[PDB]
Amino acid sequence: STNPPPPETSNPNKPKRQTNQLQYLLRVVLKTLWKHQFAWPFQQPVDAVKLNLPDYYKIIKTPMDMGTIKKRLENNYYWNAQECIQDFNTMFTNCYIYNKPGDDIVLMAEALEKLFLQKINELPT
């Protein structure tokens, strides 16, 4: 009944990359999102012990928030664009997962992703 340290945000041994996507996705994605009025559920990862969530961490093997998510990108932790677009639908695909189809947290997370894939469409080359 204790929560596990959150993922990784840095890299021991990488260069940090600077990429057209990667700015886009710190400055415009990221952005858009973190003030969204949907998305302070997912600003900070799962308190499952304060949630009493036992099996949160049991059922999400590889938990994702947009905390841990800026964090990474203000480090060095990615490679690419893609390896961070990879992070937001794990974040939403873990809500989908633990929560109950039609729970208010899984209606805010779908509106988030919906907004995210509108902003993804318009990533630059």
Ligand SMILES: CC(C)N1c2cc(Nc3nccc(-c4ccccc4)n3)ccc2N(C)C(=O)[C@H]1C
Contents of the next structure:
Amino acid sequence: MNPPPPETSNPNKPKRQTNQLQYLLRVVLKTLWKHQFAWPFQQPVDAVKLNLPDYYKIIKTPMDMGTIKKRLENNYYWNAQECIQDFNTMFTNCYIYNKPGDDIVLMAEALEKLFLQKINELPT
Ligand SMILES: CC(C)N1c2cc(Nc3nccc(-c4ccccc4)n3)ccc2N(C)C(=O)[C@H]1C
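What about the form solved in complex with the ligand, after the form solved without the ligand?
What follows is the whole complex; the chain from before opens it.
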């Protein structure tokens, strides 16, 4: 049931290491990574382990912080907005598949609040 994980290395993509991208890796992701509620988002959803054969039949653009981290470390992104879009996909996937008030949603919401606080001001 588990599809292959999203791509994290692509030598053909045009890469950059902007100040903003470095900050997203060194400050934003690494602080989120240590949050008490980070653990469900640190790797792709393992639908086999969770016995959720429906998950990837609903969520067609999966994303997780482990993937974002590998992408940042591989300079996969051209700008910070591309990386922020991946974070937003991760959060939105959770809000789509689950319902308001579910425990996993409360965890995603806590992470998102921290994420939005940290990216409110980015380097120049
Ligand atoms: C809804 C839940 C299945 N959920 C999820 C689960 C995990 N991992 C995990 N492992 C053991 C127990 C639990 C668990 C069990 C009952 C209540 C709350 C958590 N969750 C990792 C990520 C996700 N995300 C991001 C989702 O959107 C969906 C797929």
